[PDB]
Amino acid sequence: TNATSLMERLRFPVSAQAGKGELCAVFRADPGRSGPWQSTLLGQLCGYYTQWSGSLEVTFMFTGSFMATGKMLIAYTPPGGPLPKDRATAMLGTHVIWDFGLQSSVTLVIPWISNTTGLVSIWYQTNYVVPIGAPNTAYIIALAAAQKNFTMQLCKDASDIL
Amino acid sequence: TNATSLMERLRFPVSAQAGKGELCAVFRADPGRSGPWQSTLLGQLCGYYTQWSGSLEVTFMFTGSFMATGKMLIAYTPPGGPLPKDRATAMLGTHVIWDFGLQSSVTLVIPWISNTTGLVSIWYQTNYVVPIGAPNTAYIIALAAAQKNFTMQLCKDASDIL
Amino acid sequence: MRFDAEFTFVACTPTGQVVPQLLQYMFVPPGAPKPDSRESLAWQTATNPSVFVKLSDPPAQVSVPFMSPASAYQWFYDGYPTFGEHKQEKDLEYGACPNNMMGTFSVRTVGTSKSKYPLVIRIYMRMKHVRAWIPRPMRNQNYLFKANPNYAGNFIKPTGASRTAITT
Amino acid sequence: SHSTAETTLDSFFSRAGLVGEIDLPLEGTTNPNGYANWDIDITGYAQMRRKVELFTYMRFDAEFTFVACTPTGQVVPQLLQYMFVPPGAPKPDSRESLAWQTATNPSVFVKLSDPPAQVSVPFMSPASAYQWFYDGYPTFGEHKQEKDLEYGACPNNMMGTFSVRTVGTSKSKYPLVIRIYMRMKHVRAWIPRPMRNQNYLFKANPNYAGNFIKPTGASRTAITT
Amino acid sequence: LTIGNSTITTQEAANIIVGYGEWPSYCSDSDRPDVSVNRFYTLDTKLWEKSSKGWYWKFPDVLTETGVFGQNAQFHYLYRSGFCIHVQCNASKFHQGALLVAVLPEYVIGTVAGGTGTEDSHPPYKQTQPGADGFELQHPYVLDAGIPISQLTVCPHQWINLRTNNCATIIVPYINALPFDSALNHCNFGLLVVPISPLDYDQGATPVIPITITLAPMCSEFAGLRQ
Amino acid sequence: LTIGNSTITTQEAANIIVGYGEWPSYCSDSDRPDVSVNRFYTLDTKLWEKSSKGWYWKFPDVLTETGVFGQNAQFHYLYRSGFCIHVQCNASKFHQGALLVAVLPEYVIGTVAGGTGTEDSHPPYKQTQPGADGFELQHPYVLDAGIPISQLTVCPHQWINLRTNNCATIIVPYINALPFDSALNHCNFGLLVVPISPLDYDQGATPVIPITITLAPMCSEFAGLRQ
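Chains as they are written, first to last, in the authors' numbering: chain C, 60 to 174, 177 to 223; chain C', 60 to 174, 177 to 223; chain A, 129 to 296; chain A', 72 to 296; chain B, 7 to 37, 40 to 235; chain B', 7 to 37, 40 to 235. A prime marks a further copy of an entry chain.
This is chain C alone, in the form it adopts within the complex:
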């Protein structure tokens, strides 16, 4: 919350010092509840509303060094399955291969989300290693959008301000 740390908020750093740990823990996907979704436009739009349903998509692009080699994998756990204790429980769910030769054409789609639901977790697929004369830190950019199948049913007389 410091004043002189304002610009670094927009990303999250990643370093090679950490080994096979845990990158980010996305909270339960709910625009109505608190979390990352309150900043989005749809979550504010839902502030007068109750029931929502639709599809979710995520896009990732890789911004590493020109000589580096490795493999990244992003998977979403389907509903029913609890939080992944092991990578074996993660592999049974839908997973997409992320090569470093293809940047952003990878598309993952969650068929249906309503309001209970599944969870998404991100682990270190493998440690990013570089030889001498290369930076020891990188950054990752993420994307999130919704499909055409978003609809609204019931209006609510609720105002979140103030």
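There's no promise every hint is true.
Said to hold, decoys possible - Derived DSSO-like pairs: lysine-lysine, alpha-carbon spacing no greater than 27 Å straight-line:
#, chain 1, residue 1, chain 2, residue 2
1, C, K144, A, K218
2, B', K54, B', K101
3, B', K58, A, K218
4, B, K66, C, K79
Claimed, not checked - Listing some non-contacts, in silico: residues in chain A with all C-beta distances to chain A' over 12 Å:
#, residue
5, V147
6, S165
7, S243
8, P263
Hints were generated in silico from the structure; no laboratory data involved. Ideal Cβ positions, reconstructed from N, Cα and C, are used throughout, including at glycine.
Using the hints provided, position chains C', A, A', B and B' relative to the given structure of chain C.
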């Protein structure tokens, strides 16, 4: 009304000890009035209503021993005729033969009932007798329904609860 | 079943005399929480639609749409009412679950000072559309609790008019 | 989608809420002259301006109804008639102004026992449509280095006000309580812009203070689950 | 398709080369679940170090504990499916290396006779199921199999050249001795990897190289029987 | 077809009666494993006694622990299949009885308020999963559901008459409130049985009557999804 006699309520027993007596005495057929009809769905439906008319049917199936022989007869006295003092007064009314080879295909229909009316009585047509090595008691199951010709005319502002 | 509602409000005295008093009614969507204290922001919300009518006019006819997020109301539920992913603990707001009802109304008096007359109001209820699918039996014995159909140890019998079944 | 009949846009915009409140003190110090003028200032309140600020190009007519009562809800037989002065003419300052004698201004009178009043006024602003934002200098004069004598008070942007008087030889002896509801009739927007997230400090300026705020801090730490 | 944050795949324009024109197919001579098998899960990441010599795994012994369908298949000995293996090495312009990858059928395990007395004891219970830990090599001429490394060329093999490309895929056919044979009793095959270039780099480069193992059944099965 | 010494079936000339011409079918509107599902296993035998009042089970709660596919389906909430229920009573010429069998959807469970103080505590953890033991009835008017027994006729029902036949089969359709709904969160239905004739017999007869429950999916499913 005892607690530990709850399950036996749903039937009525019959025994060979009684000889040519009287099985059951059905009260005047009136869903509005008290009696067996208050438990039925139509009688509750009539609680906001006054005038009803329709047809009545009764079905009986025989559940005796495999070796027993005998004849049962169920008859409904038509209107005008009083309660049957003798079986001769019962025979002049409509009667149906109930063989033990046919179980439930027997159908009796009362043409028209309104709101005064006739009466129905059930006597022991003959005593149920069995040889040694057979149970001395049996049970009888009865059925009652209405035809398509049931109609309603006048609504009433009456509530039976409480 | 799913249907809209129509209500009219009448106020009078126990002697039947009429008085010239005007009220306007404001509705809060069920999604927004209901006010608890007078200093809540629910009274200042302008986004909530309102309709004002007088008393000398013909009786008021108002209709509200079905705003519940579900498809239709459910009177019975063979399970656990909460629709959360947690299935072993209990919510902090247990007991008070306004997520199932359809909200409430707020009443205030127009004028600088508070009103000095109490009123008597009666409400009538009706259905507009009738559509049913699964028929179930009704209740025969009385109710002991308001939200639970539980019974006591003093059993009852539908009727005992017949003194004895053996005789006529 | 499959069926879009229930998803009609009608419920997406239509919402009536309390916007204004006008008091008529029988004596006072803020208003000791016994009369007040209320210009239609949408920007006055933050809560309503949040909905409006998503819109940039709009022109529409207005519909208002007036209700008066007591804090106990009792009704009284009092009649009022409302007179409107075009925005072009200046608003009255003192009681001896000529604005009360102007017969050329149309007026409509309705009672209270009748069904609620429905009145509409046309768009009389000389411009094409209202503009909430203006990346420049608001004055439309050939002078671009000095400032007008009437700086600060510029009624050339609003839509005027209403005058209220009491019928009778003597002044009224009862104060009234009045609430106003506001709505839009036509909805048409062109250029979409973001809304506001932090609070407002001044009424006519979006300036902020040195105490910055954060949208949320619910997560105790991002490292853990 | 994958529940999580990893749906990495290997493009759509791969270069599959057939071998001797005997590409795997369906044997349906005489002498429905298809929804949950087509989804692939990504195995956990592993850190490669300088002192690593290699690893080996027994198939399908690893999948008995990992896969969801692995647990209930412990009492159902039948299994028949082909696999597609993709290998890729994420490296920048300051790394050198070469990789040799091959499949060795019936990878027999030979014991060792060390010490003053040539007598060996029974393997312990803990080492019977090493899991992800695996084993450590002692004599890498034989790779715990008695086979000189240079002569493995008799089996299908591929050379990983970093000059032009980085990712390569090899396809192998399923082989069995009988038309119907037990899978939990007879070992199918194994994987072998040998490091050719020792890890050399200057300061400032990435000292860790990810190791990627990708499993994807290129030939779908019906299965379902008592065996 | 069954591994063991029991492959009992209910003939091949059964008399299926449709209800209102809405026999179950496939809903495939827009608004492969088929080998291991067609095999039926016979549940263990149970001994009926004189004092038995009846039993009830929650579906598909019983199959979570019994079936092989039950265990791995605990995290996969989806399930959709119709069932065919066959009831038969093996009796000789010296036994009397009648059976009433029906299905009651949303079998709600009501608590009891006994003692001088009408206050009930939370159910214990052990009774949450009774398994094959089940529960015992206390007030059989309500059958732990508040419903008079005589009025259950509103739901589909059948009368077991021993005069002519002995084995009967009833078919019920699958019903749901939403096109896609969770199965592990919403109870599907339950089974109810009530004894009509108390067990009466003379000396020398068999004092024990077997109770047979037969499960067989008459409508096959594809299934396979994330729900």
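What's the verdict on B':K54 and B':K101, does the C-alpha distance respect the 27 Å limit or exceed it?
Holds, because 22 Å separates the two Cα atoms, which is no more than 27 Å.
Least C-beta distance from A:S165 to chain A' larger than 12 Å:
Check passes; 19 Å lies beyond 12 Å.
Against the 27 Å threshold, does the CA-CA distance of B:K66 and C:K79 hold or violate the hint?
holds (24 Å)
With 12 Å as the threshold, tell me whether A:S243 passes as away from chain A' on beta-carbon distances.
Given a closest Cβ separation of 2 Å, the condition is violated.
For A:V147, which was marked as not at the interface, is the minimum beta-carbon distance to chain A' over 12 Å?
violated (7 Å)
Whether A:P263 stays farther than 12 Å from all C-beta atoms of chain A', as the label says:
The claim holds: A:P263 sits with its nearest Cβ about 27 Å from chain A', beyond 12 Å.
Between B':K58 and A:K218, is the straight-line Cα distance small enough, at 27 Å or below?
It is violated: about 42 Å lies between the C-alpha atoms, which goes past 27 Å.
Within 27 Å, alpha carbon to alpha carbon, are C:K144 and A:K218?
holds (24 Å)
In this structure, the hints that do not hold are numbers 3, 5, 7, in rising order.
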